[PDB]
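Enquirer: Here are the chains, one letter per residue:
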Amino acid sequence: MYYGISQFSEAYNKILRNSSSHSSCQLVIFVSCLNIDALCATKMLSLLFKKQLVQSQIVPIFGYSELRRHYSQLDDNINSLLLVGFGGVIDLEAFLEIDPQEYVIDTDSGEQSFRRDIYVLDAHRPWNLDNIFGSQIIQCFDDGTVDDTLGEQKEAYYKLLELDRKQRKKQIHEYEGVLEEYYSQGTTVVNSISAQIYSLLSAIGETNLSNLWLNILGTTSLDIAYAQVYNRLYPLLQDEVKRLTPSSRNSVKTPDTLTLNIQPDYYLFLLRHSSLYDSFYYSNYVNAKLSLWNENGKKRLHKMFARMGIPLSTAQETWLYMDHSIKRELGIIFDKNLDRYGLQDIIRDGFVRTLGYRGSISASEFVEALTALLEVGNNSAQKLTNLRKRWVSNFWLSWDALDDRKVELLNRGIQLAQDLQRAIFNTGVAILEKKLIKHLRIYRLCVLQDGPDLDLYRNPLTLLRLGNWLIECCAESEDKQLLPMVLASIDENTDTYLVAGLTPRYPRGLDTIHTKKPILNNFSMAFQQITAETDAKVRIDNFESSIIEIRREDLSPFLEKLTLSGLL
Amino acid sequence: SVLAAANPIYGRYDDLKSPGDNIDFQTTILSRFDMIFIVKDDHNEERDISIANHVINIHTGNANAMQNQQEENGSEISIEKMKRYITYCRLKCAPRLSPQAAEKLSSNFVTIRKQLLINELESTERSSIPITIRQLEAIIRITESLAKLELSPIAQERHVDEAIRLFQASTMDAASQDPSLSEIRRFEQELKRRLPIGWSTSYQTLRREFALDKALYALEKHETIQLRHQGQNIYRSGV
Amino acid sequence: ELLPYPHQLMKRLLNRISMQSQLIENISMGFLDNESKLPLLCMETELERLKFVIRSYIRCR
Amino acid sequence: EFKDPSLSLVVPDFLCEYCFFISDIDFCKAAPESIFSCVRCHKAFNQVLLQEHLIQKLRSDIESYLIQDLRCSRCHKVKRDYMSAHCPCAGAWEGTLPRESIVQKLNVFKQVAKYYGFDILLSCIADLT
Amino acid sequence: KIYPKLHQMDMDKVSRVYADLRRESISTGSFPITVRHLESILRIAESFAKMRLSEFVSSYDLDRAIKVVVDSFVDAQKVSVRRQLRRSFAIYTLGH
Amino acid sequence: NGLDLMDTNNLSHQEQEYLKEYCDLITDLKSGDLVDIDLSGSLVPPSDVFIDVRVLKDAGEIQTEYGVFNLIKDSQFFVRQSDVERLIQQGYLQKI
Amino acid sequence: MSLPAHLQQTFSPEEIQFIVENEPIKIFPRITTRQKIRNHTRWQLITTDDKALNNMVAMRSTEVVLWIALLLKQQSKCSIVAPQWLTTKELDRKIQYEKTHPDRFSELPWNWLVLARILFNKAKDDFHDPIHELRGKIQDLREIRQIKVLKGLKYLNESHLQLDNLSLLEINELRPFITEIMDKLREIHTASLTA
Amino acid sequence: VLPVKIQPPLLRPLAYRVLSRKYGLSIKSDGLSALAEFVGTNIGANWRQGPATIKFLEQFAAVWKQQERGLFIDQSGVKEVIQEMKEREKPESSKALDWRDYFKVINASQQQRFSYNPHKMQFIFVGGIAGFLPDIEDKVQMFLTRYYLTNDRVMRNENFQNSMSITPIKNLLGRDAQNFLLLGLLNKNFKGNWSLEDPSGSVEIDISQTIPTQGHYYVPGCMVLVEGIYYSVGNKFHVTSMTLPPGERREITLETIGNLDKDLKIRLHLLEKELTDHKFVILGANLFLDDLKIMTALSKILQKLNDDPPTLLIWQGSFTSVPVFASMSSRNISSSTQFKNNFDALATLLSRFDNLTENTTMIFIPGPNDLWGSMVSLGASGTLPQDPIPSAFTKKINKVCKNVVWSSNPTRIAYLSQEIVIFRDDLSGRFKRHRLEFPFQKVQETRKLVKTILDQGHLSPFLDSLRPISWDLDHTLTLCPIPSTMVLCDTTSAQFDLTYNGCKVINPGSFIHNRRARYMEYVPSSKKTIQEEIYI
Ligand SMILES: [Zn+2]
Ligand SMILES: [Zn+2]
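Chains as they are written, first to last, in the entry's author numbering: chain E, 1 to 108, 111 to 166, 223 to 436, 461 to 650; chain 5, 518 to 696, 707 to 737, 747 to 775; chain D, 75 to 107, 120 to 147; chain M, 2093 to 2221; chain 2, 773 to 868; chain A, 105 to 110, 119 to 208; chain B, 1 to 38, 46 to 202; chain N, 7 to 96, 158 to 193, 202 to 237, 265 to 362, 380 to 559, 594 to 689.
I should point out that these hints are in silico values taken from the structure, not numbers from a laboratory. Treat the hints with care, since some could be wrong.
[To be verified] From chain E, some residues computed to sit far from chain A (all C-beta separations above 12 angstroms):
1. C33
2. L53
3. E93
4. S137
5. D150
6. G244
7. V287
8. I391
9. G417
10. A505
11. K516
12. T645
[Claimed, not checked] Partner residues are not named here, just some residues of chain 2 that face chain E (Cβ under 7 angstroms, in silico):
13. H779
14. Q780
15. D782
Just so you know, even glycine gets a beta-carbon here, dropped at the ideal spot from N, CA and C.
Taking the hints into account, I'd like the entire structure generated from these sequences.
Expert: Take a look at the structure:
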């Protein structure tokens, strides 16, 4: 372990001592864009440092190349660096060309001090042992995994470090085997950065309703792909909401009251900001459980609505103007008429925040709006950089959406979320009708070669959204065995693909012994190994490890070698 | 304002027939219109490929993306925005001509009427497309609209030049359509026999030999001669 | 009308601004070697306000 | 679709100083043995003569671009006056020899000089810019 | 209940067919070939895709529409030039 | 004077000379006795000492009084309003 | 020229807020700068009194200039005490006074609007009364005072005018109209009296 | 003067305190490091550099007028300017001002693009292998720009001197018999009759019964000021008197353009008086190196100049007897390499004089029979803005000397506040050949030539069909400022030296007139010329 849960306050105090000078701005926060959890964590840090008047700079970085370029550009005065959402799975001192002898001051006296401190803050579990164990400059905000599940790796790393006959060589190979089996592991996510920073705030005592709301947003960002993590962290948020809500309950509503509530939040898509029919129709879970992509699915949906006794005219009405008779009986109606179709998991408990008279909104809807703003908010090596520039710019739109004074931007985000879900649904029914997903014995490939609005999928977030749609659809099919999926999308302007190796997941709400063990995404190591040999102009720079940009002509040989690769 | 779309008799223009035969509209009705566009099907392969590739993109959903991208880029205006801008311009600006603009308009109207007169004299028949004082007012209105869209209170000579170009591209183009014969045949034969196939002769010399000499332009159409040195040299192109 | 200039008051005010700027610079140099930065922040913003008042007065004149 | 991978660069009416053979030497297409020597005979050709003729053709191309006659882009009537914004038929003037053609010819000359190692031709190309 | 889409297609083949149709219409022909006859190919391809209840126009459904249009154009020409026109257009109806 | 020194063809020769000398006169005023205060500074009262800004145009790196500012495009700062007023006026930083 | 057009003869509302921010207010400190009997940097300001700042004792009410109270309230290092006139009882009393005397304004402090806005924005959690009611009474006072002003701008003679008890922001917003209509009605009178 | 190295971190506070607060200059990290290096080198302990920084920023704001002073070019430029102002005041330098930093020669390919906005503006316009190819719009506007310049000259001179207005040709249509004054480009219509071309249109002119100003050359392509009565019966303009536009003094054009700083003007004026003894030697035309007699005469001339080398030795065009072209032969004819051999032979007769070829800029001007211009024209008057002699043929000549410039045929010299233009062309022959006759001694003809060139304001007032011109490189021929000194070199005109409208025009003539190797000497300080005939 490097920084446990109980000693986050030590890191915060170290940051304050090193860089809380009003003379200059010696603190720089590197945030990974295209990550809602990192966005909420950086918003928390921004508010916390605004309270203590610690001058700081927030830089959205898209890829590892940008991180390296910025660090090279980074001045030596800046003596505190925060990496939010990345950096925990690579040799940062090696990647950034860091040698501790050039950053050490006042070596003496069993202590050491350095002129610059890098605090990595992410949730991807393959901690690089040369970062968590063998470097003092790099300081990792651990969540308790290393101090409990890395004892063997700690011993193996230290023995090899200190040792630089037959028994000695045999034991070295035995220890080196322990390190090797630690690697060759898929990259998962166990915690949410927002929850970690909220734990730090609880240690410092700066918790309030806005920070709790940011924590809820960051945690709810994990419910789509890491539902086990969200279910693990949910009781803590539930306790915090009860702790922070004022005792003056059942009071009259006033234009100033902000209420965090735990009320039934059905697992539909933008239920409060769109019609009930559109909430069922465009839901990922409902689509998986009913197969609405085919023609018979719409008939099933209409039959369900008739069964509940909700007229289609009322069902398609906007949620605000739905008749108060139906809107107040949603719980009873869903209890009576959902287990018939297997949608019992739709009913759920979530967090809903109302700001005075501005109407309710749930964290699930809020994160969809934020994601939409990230995705569509606003010869070959140059236009791609223009895309990176636009993608960085969208981070600030999603950042400004968090402010309560910019609801006119959150509504635009909601509209963009509805449009993007519509486009995702159209492309999904186009893929599943033409049977574009080629089943294999290693990975179910799927390449998007032509169609409409194909420029949406050059963004990694939109491609992951489509992949999550497909994976949710496949997960509820019993015949289809679990298998990694690959999505690609040709970028005509740059003549390059965007391969996004995904991971399968068990059906939502299905809790078993094998469900408890998380599924690990093995595509990162496979991609890196394939790129190391057989130079193919592959661009592996995303913080999301399992996403690469490959030339149009080099895609097929790359996939051939990947098929020959048994790593994944 | 009346924006009327019509069709010449026989469907196609049929330029073999006289320009007055294709258009069945009277001169009175044709005089009201400020700009009388006569479009034609070029049947050009390089343009046909472009049109086909554009129409296919229109059909295969590519329009809904390309037009939106262009509009958000700032090179286009949505209908709901252009409508408001048009209303604002019409209720805010009513440009009036500058004296330098008026001199250009007068001196251009005289040229246009002189060209129409010489065409009528050559053809010995009143032109189907008329040029009248109402067309001078048409050029004035086009100039004022060009200034209006820029909200300029006074119409400079840039707007006059563009209005003149628009009129020449629409109404003069409509009026310039063309379908003695013995003189043409004699000229073609004598220059074919006298001027060799590979050499060139200067045009002043042909004038000495002698008119309007539309025969040279007709031969240029047939690609047997070619005016190259700024019209001062007539070169037998090889036919 | 253009009101008469208060020469003595403005001379004293400019002297005060100069001396306070020097004091802030000296304190900053001393700090450049507890961690109470509120007094320094208040000094800086107070001097900014005084400079703004004199700026607006002079420019109106 | 198949496009010819090779361009053409012909020195018209090249003369062989021994057998008096008048042939059009092509540099981008012919084999190297077929340009440095004649066809009917087999005597060699001077490098200086080849470079001189290539330079002469390059300057001829430049001069022909500079002294070309403009023509309307809609009615193709050759421009006759010296001060005129556009054709009277509302068509912009355009050259009979487009600039892109001369740019392509210059690139061909540079490629030939760099490949065959024509020093004087490279000096000419550099002197152009 | 069916609205096929023209996503998967070779627009180059349709463009070439349209260009050839216009070139042979202007010279030795009288059937007017406007852009409407370019859109007719797409509409006929969509009808053929409707016949198979397909939601996407396949390459066969486009080649069949091209064959229908070029056949209707050719068969309306004078017998003197019909053989030459059929020979010229044979390269687009390869396969039938 | 804190934004830019600029189409200048809209001015006659006399007016151009007048503006050119007037800038020098203003700089003389800003240096004679009222040098402690920035006479060319903003006339809006300094409400808040600390503001957050967003970099509009990339400017590489610019040295401040004590440390340094790395003006990376689309990166947000949280700095004192005193040392970024000129950059905000010029058009490199945006927020407040 | 040096001074922009919109700053010619009036004060921008930002300048009114700047003027108001120089008035002393009473605060409850959350820190303690009082040096014990048994280093530290003192404020030593030049445009106010630093005595009450170097002697702050936590939860012991002092009086500091408003722009410093706000600066401390930016952190959690003080707690601005609302003035006595900014309570529901006193606001109701002033509203009753306004409704009872339709010819003269109530005796509200000259900075009541600016102070109310500043305290509602920056010190929203330091009021013993629900802020949703203080806002509703401030707005009611503003409405009544606006009705009385519009019925007195009907007395814009050319000699003088007595706007007794009017606030500072209200006067500032009415200045360009009153002081430019009375100028014209004075120019007309002096032109008539040219004999 | 004590050297010291000071790191940017410690200088940063004071640096910003002045550059940013006092005047509003943003200093980058690299620029701060460079300024720290400069301060450490030219002062020790880095304490009393406040005046240095103040001078730096005031010069920067007075001249450069931008932000981000730390560009390694702005800082260096301002430091240098401080150096020259300290030098003229008489630290880093306290020497005397050198004219080399104020002497430059401008090629035709390196001038400033000045296109005149038709209403009233003289704008400034300023990429690959084929980056020098002019665009079509350049050919379109080539004559329009020239007409606009001549029209501005007329609107400044004629109306304030003579006050009939200039009516554009398009305004003559409806008018039946009124009198008009037209400024148009004289040319021949495709129908074969003379006409005037104007931006507004064209009109045929009846040249019979015309009284022209006898002190001018009238040729097609020259812009004239005709006056007559329009007739609508046949659409003709019966001209009565036609004359060239009046010229303008150079100083008049300078205040209109308004191009110089005051310090530069003062320094140039100072070195004008200080550098009294500078001699420019202009050699004769047609230095036929192939000729042995001319080669021997050049040896004597170079020997005579070796005793007192001049400032500039200008060499005129047509360095070889026969035009160079692709020659089909197996001998050493090889018109390319024979040029190389001729220049190598020149190197032998030029490197022999150590006193010469030193402290003497040697400018070479090409002619009608030079490489890269005679390949296509075959020794005729082809494209006018001739490119310099190719560097591939100047290896030995450039190796022998240290300051040799190979420049265009219409080159420009910026020796001082005055401008000198060198032009090698047989203007007299073309003017006499293409002068048009009116149906209605030697010094007089030279005056006619000079007056025509200066009144036209163009180096070659000829049609594009008589002297092809690179479309973008046409400003290099326009005499918009009317340079003070012009070397109107010629081979068909008698040697002369005339002054007109404040411009000194000198024509060295042929190198060998009858038996003497004539050449010219020019003294810029006294503005006096003298010829030096040397017998063979
Ligand atoms: Zn041979
Ligand atoms: Zn035309």
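Enquirer: Can we keep the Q780 (chain 2) interface hint, with Cβ of chain E closer than 7 angstroms?
Expert: Holds, because the Cβ-Cβ distance from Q780 (chain 2) to chain E comes to roughly 6 angstroms (cut-off 7 angstroms).
Enquirer: Would you assess whether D150 (chain E), listed as outside the interface, keeps its beta-carbon beyond 12 angstroms of every beta-carbon in chain A?
Expert: 37 angstroms, holds
Enquirer: Can we trust that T645 (chain E) is non-interface, i.e. its beta-carbon lies farther than 12 angstroms from all of chain A?
Expert: 40 angstroms, holds
Enquirer: Far enough from chain A: is every CB of that chain over 12 angstroms from the CB of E93 (chain E)?
Expert: Fine: 21 angstroms to the nearest Cβ keeps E93 (chain E) off the interface.
Enquirer: Would you assess whether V287 (chain E), listed as outside the interface, keeps its beta-carbon beyond 12 angstroms of every beta-carbon in chain A?
Expert: Correct as stated: the minimum Cβ-Cβ distance to chain A is 29 angstroms, above 12 angstroms.
Enquirer: Just want to verify: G244 (chain E) was marked as not at the interface with chain A; is every Cβ pair farther apart than 12 angstroms?
Expert: 33 angstroms, holds
Enquirer: Would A505 (chain E) pass as off the interface with chain A, using Cβ distances and a cut of 12 angstroms?
Expert: Given a closest Cβ separation of 26 angstroms, the condition holds.
Enquirer: Does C33 (chain E) really sit off the interface, with its C-beta more than 12 angstroms from all C-beta atoms of chain A?
Expert: It is violated; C33 (chain E) is separated from chain A by about 10 angstroms at its closest Cβ, not greater than 12 angstroms.
Enquirer: Test the statement that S137 (chain E) is away from the interface with chain A: the closest C-beta pair must be farther apart than 12 angstroms.
Expert: The claim holds: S137 (chain E) sits with its nearest Cβ about 24 angstroms from chain A, beyond 12 angstroms.
Enquirer: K516 (chain E): least C-beta distance to chain A exceeds 12 angstroms?
Expert: 39 angstroms, holds
Enquirer: Was the hint right that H779 (chain 2) lines chain E, CB cutoff 7 angstroms?
Expert: 5 angstroms, holds
Enquirer: Against chain A, does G417 (chain E) hold up as non-interface, every C-beta pair farther apart than 12 angstroms?
Expert: 28 angstroms, holds
Consistency with the previously given hints fails for numbers 1, 2, 15, ordered from lowest to highest.
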